[PDB]
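This document starts with one chain, in the form solved without guanosine-5'-diphosphate, laid out as structure tokens.
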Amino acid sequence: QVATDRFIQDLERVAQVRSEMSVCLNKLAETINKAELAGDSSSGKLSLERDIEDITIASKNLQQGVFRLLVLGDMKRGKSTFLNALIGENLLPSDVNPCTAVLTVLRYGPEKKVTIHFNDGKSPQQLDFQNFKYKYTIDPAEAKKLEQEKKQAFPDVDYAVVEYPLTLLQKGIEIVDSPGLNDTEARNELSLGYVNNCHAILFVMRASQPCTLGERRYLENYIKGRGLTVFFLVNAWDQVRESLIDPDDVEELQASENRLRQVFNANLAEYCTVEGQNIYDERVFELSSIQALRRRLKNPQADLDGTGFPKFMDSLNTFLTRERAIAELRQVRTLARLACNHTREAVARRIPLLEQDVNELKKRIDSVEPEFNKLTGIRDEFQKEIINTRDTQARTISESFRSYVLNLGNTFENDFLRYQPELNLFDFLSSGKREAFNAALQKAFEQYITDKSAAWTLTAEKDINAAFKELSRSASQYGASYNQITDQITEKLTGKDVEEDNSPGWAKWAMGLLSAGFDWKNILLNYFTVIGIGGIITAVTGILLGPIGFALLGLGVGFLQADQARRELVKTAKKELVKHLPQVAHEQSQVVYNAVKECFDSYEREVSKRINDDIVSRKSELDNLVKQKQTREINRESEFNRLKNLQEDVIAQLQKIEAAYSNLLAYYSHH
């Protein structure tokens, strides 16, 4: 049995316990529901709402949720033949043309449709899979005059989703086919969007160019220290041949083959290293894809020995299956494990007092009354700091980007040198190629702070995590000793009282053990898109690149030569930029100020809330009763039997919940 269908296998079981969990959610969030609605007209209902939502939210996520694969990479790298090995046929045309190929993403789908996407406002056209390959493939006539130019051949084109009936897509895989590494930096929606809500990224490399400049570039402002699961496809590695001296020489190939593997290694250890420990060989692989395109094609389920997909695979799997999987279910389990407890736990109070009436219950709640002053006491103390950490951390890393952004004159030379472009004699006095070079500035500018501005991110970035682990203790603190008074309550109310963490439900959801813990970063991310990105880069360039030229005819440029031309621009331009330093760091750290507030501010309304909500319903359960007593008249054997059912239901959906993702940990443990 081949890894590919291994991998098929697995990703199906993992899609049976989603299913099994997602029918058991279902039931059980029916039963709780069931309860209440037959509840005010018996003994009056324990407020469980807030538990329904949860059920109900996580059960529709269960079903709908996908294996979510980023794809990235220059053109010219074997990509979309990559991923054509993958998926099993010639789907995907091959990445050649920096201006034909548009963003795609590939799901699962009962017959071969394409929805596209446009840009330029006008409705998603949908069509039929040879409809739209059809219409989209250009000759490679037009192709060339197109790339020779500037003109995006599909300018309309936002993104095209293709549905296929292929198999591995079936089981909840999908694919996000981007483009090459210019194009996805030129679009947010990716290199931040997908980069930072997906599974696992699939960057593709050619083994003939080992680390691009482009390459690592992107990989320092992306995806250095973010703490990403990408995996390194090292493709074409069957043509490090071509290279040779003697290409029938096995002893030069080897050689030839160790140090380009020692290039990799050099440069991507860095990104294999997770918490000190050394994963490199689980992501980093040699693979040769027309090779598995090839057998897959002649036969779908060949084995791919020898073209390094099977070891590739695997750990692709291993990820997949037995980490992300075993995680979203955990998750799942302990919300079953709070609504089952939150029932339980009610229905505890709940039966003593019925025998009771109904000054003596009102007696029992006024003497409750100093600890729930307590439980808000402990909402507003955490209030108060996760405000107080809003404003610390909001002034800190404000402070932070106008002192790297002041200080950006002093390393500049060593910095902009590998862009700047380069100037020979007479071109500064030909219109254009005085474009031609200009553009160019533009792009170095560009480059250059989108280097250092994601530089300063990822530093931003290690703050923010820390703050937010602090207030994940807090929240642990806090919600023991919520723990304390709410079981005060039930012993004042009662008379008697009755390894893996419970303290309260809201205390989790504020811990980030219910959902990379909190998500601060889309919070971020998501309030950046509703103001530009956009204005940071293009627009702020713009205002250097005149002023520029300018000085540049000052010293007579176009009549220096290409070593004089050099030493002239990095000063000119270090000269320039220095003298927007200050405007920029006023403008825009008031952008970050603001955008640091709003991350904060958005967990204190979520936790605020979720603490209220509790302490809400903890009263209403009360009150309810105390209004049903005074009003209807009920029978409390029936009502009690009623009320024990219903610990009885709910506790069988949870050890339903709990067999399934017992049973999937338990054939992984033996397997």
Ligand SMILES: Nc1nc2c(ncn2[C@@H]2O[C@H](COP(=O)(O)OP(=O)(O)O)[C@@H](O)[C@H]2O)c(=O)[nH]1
Contents of the next structure:
Protein chains: 2
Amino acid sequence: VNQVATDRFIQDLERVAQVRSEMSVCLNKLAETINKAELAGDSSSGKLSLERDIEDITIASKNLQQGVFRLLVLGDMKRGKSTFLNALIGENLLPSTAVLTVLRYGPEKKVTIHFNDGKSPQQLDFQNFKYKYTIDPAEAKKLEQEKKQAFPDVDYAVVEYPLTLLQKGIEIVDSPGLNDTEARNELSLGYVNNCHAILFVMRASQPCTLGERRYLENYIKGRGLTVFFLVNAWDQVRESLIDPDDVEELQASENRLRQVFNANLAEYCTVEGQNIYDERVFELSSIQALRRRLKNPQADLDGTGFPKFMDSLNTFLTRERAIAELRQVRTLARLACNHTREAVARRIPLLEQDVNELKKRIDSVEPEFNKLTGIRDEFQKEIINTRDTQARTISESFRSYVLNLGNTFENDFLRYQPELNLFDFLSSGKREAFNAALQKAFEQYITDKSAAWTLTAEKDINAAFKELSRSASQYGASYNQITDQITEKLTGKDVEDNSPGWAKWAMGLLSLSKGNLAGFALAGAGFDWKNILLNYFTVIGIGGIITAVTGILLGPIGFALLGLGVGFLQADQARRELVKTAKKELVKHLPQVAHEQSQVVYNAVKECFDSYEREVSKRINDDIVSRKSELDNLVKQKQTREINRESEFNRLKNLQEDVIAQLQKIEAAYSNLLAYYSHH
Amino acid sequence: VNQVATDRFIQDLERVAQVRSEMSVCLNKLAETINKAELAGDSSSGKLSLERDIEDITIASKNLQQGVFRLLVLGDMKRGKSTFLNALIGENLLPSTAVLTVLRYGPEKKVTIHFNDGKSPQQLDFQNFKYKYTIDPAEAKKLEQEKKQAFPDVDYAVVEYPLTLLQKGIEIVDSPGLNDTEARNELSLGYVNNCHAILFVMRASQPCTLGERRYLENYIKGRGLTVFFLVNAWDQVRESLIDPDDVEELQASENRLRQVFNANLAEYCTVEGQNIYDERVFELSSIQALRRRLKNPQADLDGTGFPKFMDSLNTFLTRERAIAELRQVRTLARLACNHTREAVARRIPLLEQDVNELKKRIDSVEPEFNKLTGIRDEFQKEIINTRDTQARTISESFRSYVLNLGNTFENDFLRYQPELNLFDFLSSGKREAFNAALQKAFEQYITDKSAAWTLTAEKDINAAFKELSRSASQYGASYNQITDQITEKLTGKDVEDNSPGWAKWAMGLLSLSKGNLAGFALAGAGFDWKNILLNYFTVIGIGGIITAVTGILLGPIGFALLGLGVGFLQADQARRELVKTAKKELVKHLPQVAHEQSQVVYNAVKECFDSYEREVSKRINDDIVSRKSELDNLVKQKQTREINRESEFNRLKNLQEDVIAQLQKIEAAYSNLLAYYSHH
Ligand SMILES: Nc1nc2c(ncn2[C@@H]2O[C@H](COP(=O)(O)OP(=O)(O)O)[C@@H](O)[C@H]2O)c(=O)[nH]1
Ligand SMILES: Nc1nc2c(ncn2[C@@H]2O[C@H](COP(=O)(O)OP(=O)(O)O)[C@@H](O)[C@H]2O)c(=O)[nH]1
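Take the protein just shown as the form solved without guanosine-5'-diphosphate and give its structure as the form solved in complex with guanosine-5'-diphosphate.
Okay, now the whole complex, with that chain kicking things off.
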């Protein structure tokens, strides 16, 4: 019958959730199989040394169960975020919320809240929670005049609720505002870079506010994020026409409005040169959608804008993000399958050969193994000569940037009009409650300048890793050759892209983490954790610069202030000096403080590349070492126990079948789910 | 036929405009008549000494032509003020205005703008003016984060336009915002106290904002002003109901909303104990009214809320303010008529008596005249012993208040969170561009505290003048008796409230100024000019207190600041001192600065009562002196010229008729206009 798109969403979601689950199943089965066989190893012809795969496959499975689509819902004050969500999840839940709220599936309506001032994760009931954590439009505009946070004792609150949408694997993060303090919090907790998509609610009666346009630039622009812009309260446009019942006039006003959003959002709706504006921007009437879902949740929403929007989001999540993520699981399973497969194909034959003939064959390949180690060294160098070059060139960029900011300060000092909270200043006394006060006053300035640079930084670190990838690809290709030989000189018989395993990780085609510190958006969930780590330290930098230029000018200021309240200095006499002193002190230290500060940025860029090196290293040594033990364990047995060669044959032939069997089920689940899409 | 209320308004207005005009006519005629006769005086039996009446009557007339109803239209950002006005005056004039705009009748669409930075009153065309003086919702919220004024080089702009409403005698003052800077400007230019009514546009989607509620308290509460609250965009309430087409549900939401406005506005809709809330608060849909007036200006507005509102405003203006004002003109005319009448009735008879018999009769009353001077002295004392007592008790009140504000400063310092504009601070250097910066930061605090006290001050000055009035009443009563005798002992034949003239002014029953410095709201237009003069000096006071406590603490601060940026003082070491110093200095000067400041408030209260004394004096001496010259001029002639006693008789009998004739026409115009209302 009339299949509403709200059904299609729940359907697809459910479907995926099944593929996800079924793979999880095979993955364990696969792990359990490689594992049992490996334990039997010592009591037989020795282990095959497949522990790295067991582990990897095990994490992969555990990841698959905890799988979920995270959506970050951003939006300014009173735009409809609340009503919007209710409409989306078909309930009148949120109150038509002054604190980051994570909405997730749960059996009972519960609400636990995590603090930051120390307090251990409390607990409450939505009934009381709704009253304890909210703000009247009055005392909320008040905590706005000072750009302060509502409850800084809270990091975020979680809300479990029986909502079928959340059941099928959806988590919602509802951000309370666009201000900068709340911004960092979200950035620091991950979110902005730990969610599959961003839902940025806007309103037709307030087209791309300065507040919005600013946020977009400081936190979204060129950061490679998927964000759908929902122009809410679209229905209001017509309640202002000469004739609110003239589709032609209406259309014309809507058009006036539409060229405004396009002008400001086009820039954010493109993917690799291709423009997808109308698959990301949606004119909506949340109030009309909600109303309809209140008379019947299986209600058709055509006319509210929702359908068109939901189908895009459905597609993105279930036919793109799921595929990519699922595909990786297949890749990991094929790796496990092959390593096992080949390992066995190498052993069975060596089982017949005698200890002497064996060590002769093993020594035969010693030169090949060392070559592998040549790659492990040749690539490690390059890896490090890249961190060094990068951690240098960037530190330079920052140092140079901070300094040069001083050449424009005057003009900027005017554009931004730092407001100093006189109460915050005096109030306490800690050499922090006084510096924070000044730090706040320069919040917008710090954020802006700060966000701009890290964009530039990231654009480079990206390319770096993009090269290292291409590099690993080739080293991987040769590594394989050297590997093929080790098999031939051992066995006698010479046996997606099929590069080695460690190569798969180094290229960012695979990964067990949702995110990583390189530009690998095809790895894991794709999440860019270097926007966190980077655009956080940089703030400490550009802020320290202030925290520094602060202690630099206090003295000169205090002098002027003091030399006036006593009468030693007259009006405008101290100002021809405060300056004389300022300029003097700055040109006397700024360059040093810049340099001193650009040393934190150094450690951050060095870190990015040290994580990568640390991992790629593990995996490569891990390969080398296992292939070698593969051979050593045999000898350790031929000289110690006595194996029944034919029973070993079945046991290992069995191992091989059982694993492949599992891989196929997975390969199927994937193919089927894909094919289903071929016909829909 | 279907007479729309927009017609009734234009009608009534027109009608009044006629009565007003006709009286103006008779007034001149009356003045011209007393004048011609007076010139003939020297060549005849001498002047009657009616110059005070000629003058008074002449001003009264000139005032009558320049007559107009002034409306102050207040309102927050984006509430509908603009759309509202357009709907009111049936045009799509204002742009759906970042500067006080005075909208008045004019032949050609013109726009002159008066500055304050010096520039001489420029000039423009609405075409260009519309573009040169406006602000995008963007760069307008920007000049909001710092609570600054858009164009401080402008005081206001006037806009002449061919609008029949303005023709019939209506002026509109459209205020751009509720902020405090714009507030003072309006207060300083008069407006808030130089307009017959205030139109405070509010919006249903933003019920009594903090911004609004604050304004109301600081500028309207207990100030005796007439303000109509227009709850605009009332239509929007239903676009949020489960079912927007359920009058019952609607009504219930409206009710939820209605108890909010009543709770906050009731307080402002009462007159002498009587509550008239629903004659002042009006739920409106400006957008629907405008639309209808675009298809036809003679359009019925029933259903928009406008009709109900307009009729109240019509009533207030044309059947209350006009009456009161017109009635005064009648009072002034009766005074002129009587003074003339009686003067003549005293002379004709003395014309027969011979010089000797005359001086005998004149000397006969010398004791009576001195008695009159006894009143002129007995009342002048009291007048002055009242200014002294008041200018003292108030100065005390202020001094005491300023000091005591210090006992609560800490708590207040928290409530208000003074933001200091770091740019403004440093920037220049004048011992003003630095103090202003600090003055601004404390704007809200100064305004609030300041406005509160002057309310208290006014409540007293009122009573003072209310007493002086009652006092004058009685002195007037006796003055009359003494006057009656002077006539009897002279003539032989013993000849609204009918107190003497000077008594009429002292009681505030009459006045040639729209406003005055006493609580006389029955005098002139009623305007309270002591809310201007008073609530302006007080700001200079509570602000100077700051400007003072500023220079008091600079030194201690500068010391702490300086003793930190050099390392002589550690963190939280200087703060146990900044305080040590603060408290020390304040308790060491505040009391003196308070006292020094409470000396401006002294001059303001002394002024109020000196204006009153100055005037009441003039009028009383003026009476005494004329009545005396009345007698002297006769003698000056009986001894110098020779008059034809019978011709003088006709000339003066004529004078008498001609004046009375004019008074009657006026007495009629008034009575008729009133009676017309008796039947409508
Ligand atoms: N006409 C219309 N009004 C809306 C729409 N969405 C929300 N509103 C109105 O805005 C109010 C709710 O704002 P809200 O959702 O709480 O803002 P939020 O808390 O920032 O998400 C309600 O009273 C609605 O009347 C919409 O799509 N169309
Ligand atoms: N629904 C509704 N909208 C209104 C009403 N009055 C004004 N508006 C809307 O508010 C906007 C105009 O705001 P405006 O009058 O310029 O605010 P102002 O400049 O502060 O007076 C228009 O786009 C209208 O759609 C009203 O009575 N009802």
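Positions refer to the first chain, counted from 1. Definition used throughout: the rigid core is the maximal C-alpha set that superposes within 1.5 Å between two forms.
Once the rigid core is lined up, just say which one of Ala466, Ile533, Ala480, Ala327 has a C-alpha that travels 2 Å or more between the two forms.
Between the two forms, the residue that moves is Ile533.
Superpose on the rigid core, then tell me if the C-alpha of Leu524 is displaced by 2 angstroms or more between the two forms.
Shift of 2 Å or more: yes.
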